[PDB]
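Quick setup: one chain, the form deposited without this ligand, written in structure tokens, and binding and motion questions come after.
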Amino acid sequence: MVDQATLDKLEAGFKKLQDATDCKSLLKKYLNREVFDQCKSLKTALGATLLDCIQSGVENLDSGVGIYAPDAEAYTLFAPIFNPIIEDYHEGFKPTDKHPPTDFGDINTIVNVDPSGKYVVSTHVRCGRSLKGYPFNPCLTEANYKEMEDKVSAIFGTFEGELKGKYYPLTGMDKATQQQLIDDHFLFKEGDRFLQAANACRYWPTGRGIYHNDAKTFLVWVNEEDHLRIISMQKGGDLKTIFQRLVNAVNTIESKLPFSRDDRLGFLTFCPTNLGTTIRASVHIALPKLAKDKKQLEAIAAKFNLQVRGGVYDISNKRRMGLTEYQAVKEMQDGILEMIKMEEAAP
């Protein structure tokens, strides 16, 4: 039962997207009249609406994607619009395609990508998780935010070993605490207009917070965009230790707090760009010789499905869906190994 006020907003949002002749978002590309009418009168069990999916791309016509998920069920219920957007962004993950089961693989096949520290400044592996049972940030209530922070911060306080550390709520955070976290690049702020128009910043900063371990090789953002953004990083290129530290953390959390995961799509996230493995494995790396070639580099990036973002690059795996967590990490590993091999043999 979707109320008339929402239907009126949905109709004006649809028409505004049509009238924007300039607009290149995936939302505009696939929200035709047939899809719109398939979706406009549906509502999820937790109460989410099509407007709770598309408002941010309606308000921000310069959005690249322009759709977000207000809860886990929205991906299936509003599948007529998510499915073509998902296929396009993830380049070939079709509506009938299926994401494999979670598999972190054999960690002993993961290596230090640059033992000498000659090239790789730092390595990062990042994932995201939504907690089963809660709305996503478009639809969390204030009480939801508080209870989740309670549960999650409680779990964080039981981390032992290399994961031992401290939770910092954004609520009541003082300016000195803020600065020390900024200095570490650990702080996040209020979201930009895309997140604002998606209703992902309500009740700010209730339920938002930051966890890191004493060694500062492990970071979690609570309700920055997803319920959890879990990151493992360190200087150099020991991908093995980094990935193993991440999977230990994820497993620990899961043992106390189930994740929202879909058979077809993998782990469900607020942005559909982060589905599947959710995994972004990256290195900060200097390839000066390959920077003077630029033709041999992208031959490797494109061949190993890496995205390349002077001399010092941030290089990360492009694929999130259709491959396992292991294969994503192994793909980054193999690509970086090859590029360093090319760098070492270059002129």
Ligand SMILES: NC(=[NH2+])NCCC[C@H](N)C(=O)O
Given for the second form:
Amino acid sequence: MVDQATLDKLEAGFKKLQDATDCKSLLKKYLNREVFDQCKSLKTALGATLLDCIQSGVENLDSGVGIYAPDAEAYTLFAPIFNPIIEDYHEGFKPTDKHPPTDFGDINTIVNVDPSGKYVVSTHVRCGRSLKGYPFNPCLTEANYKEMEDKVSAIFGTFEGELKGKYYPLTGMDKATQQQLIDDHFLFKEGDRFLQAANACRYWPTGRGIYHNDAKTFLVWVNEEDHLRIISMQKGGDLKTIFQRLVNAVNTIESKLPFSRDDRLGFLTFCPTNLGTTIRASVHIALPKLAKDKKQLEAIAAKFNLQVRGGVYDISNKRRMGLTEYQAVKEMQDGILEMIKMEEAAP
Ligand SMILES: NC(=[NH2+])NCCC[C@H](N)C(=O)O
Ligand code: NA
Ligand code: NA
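Output block for the form solved in complex with this ligand, input the form deposited without this ligand:
First the chain shown before, then all remaining chains and molecules of the complex.
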């Protein structure tokens, strides 16, 4: 049962969201009274309540989304509020829809997106994973964090080949090590107010750490937002080598530690934006001609299901759910190939 103290905070939060007439989060949009009354008295098997989902969007009213998952069960148990937010954010992933089974596909159909070297500065493929049996960061204990780091660092120690590298615990990290990792853009810090209000940064820095291979083309963040954030990257556009490295790595990890995955949602993540494939495939790319009209540059990316962010821009696949890991990477690749064709043919 939910304790009366949590029920009281929940009721105060619900009212606070209705009184913020100018607040525009997805949480506020879909947390109406009936959805709230459906959910407020539920509790997962690991002890997570609705407050462990919505507290950050109650405390930060400028949140774009405003909800996080405190454990894997919370996605199903609290479906009445998660499902409409997931649908909205992922642009048509309905409550009755289903994400495909995992498929990394035929890696040999993946190509270098810019053999010319003229346009793509670097290419990157990011994924995320939760480890089966562990709550998510809102509900992990100090002992969980410690035990998880022990198991994860043990696995990283077995990496050989191009994956062989070093684990750096944040606990007891010295300032020279930190500066070394900042220079590599490999360091993460305590979360901002959105994560703080979500109870994601408790017992910092216990259980948090960084791994990277000697080549500095592979990086893992442990307990930064998800249990594991796994990135493969390098200069140039060799998406084939990059993606295959990521897959080798994820498969190696999985062989020792099972992941949390849902038949409807795919891979379960702390934020609902990272569900499904979890894949974020991107290039840092300069398109001088196409970009001299940023509205049309954004329009062009938008036609290939791409998102432009921060001369050199980050262009990535917008879609995470409803498509396989292969299809997601292939969509970035085909979109980038086309935009380069356009840039090369533009006057
Ligand atoms: N982990 C993330 N990037 N989540 C996306 C949303 C972040 C923040 N809670 C917001 O809703 O604005
Ligand atoms: Na989306
Ligand atoms: Na193409």
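Only residues modelled in both forms are compared. Rigid core here is just the name for the largest C-alpha set that superposes within 1.5 Å across the two forms. Residue numbers count along the first chain shown, from 1.
Peer 1: If you fit the rigid core and then compare C-alpha positions between the two forms, only one of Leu46, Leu61, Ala286, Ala299 moves by 2 Å or more. Name it.
Peer 2: Per the superposition, the moving residue is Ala299.
Peer 1: If you line up the core, how far does the Cα of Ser116 move between the two forms, in Å?
Peer 2: With the cores aligned, its C-alpha sits 1.8 Å away.
Peer 1: Spell out which consecutive segments of 3+ residues have Cα shifts of at least 2 angstroms at every position between the two forms, with the rigid core used for superposition.
Peer 2: Only one moving run appears between the two forms, namely 292-300.
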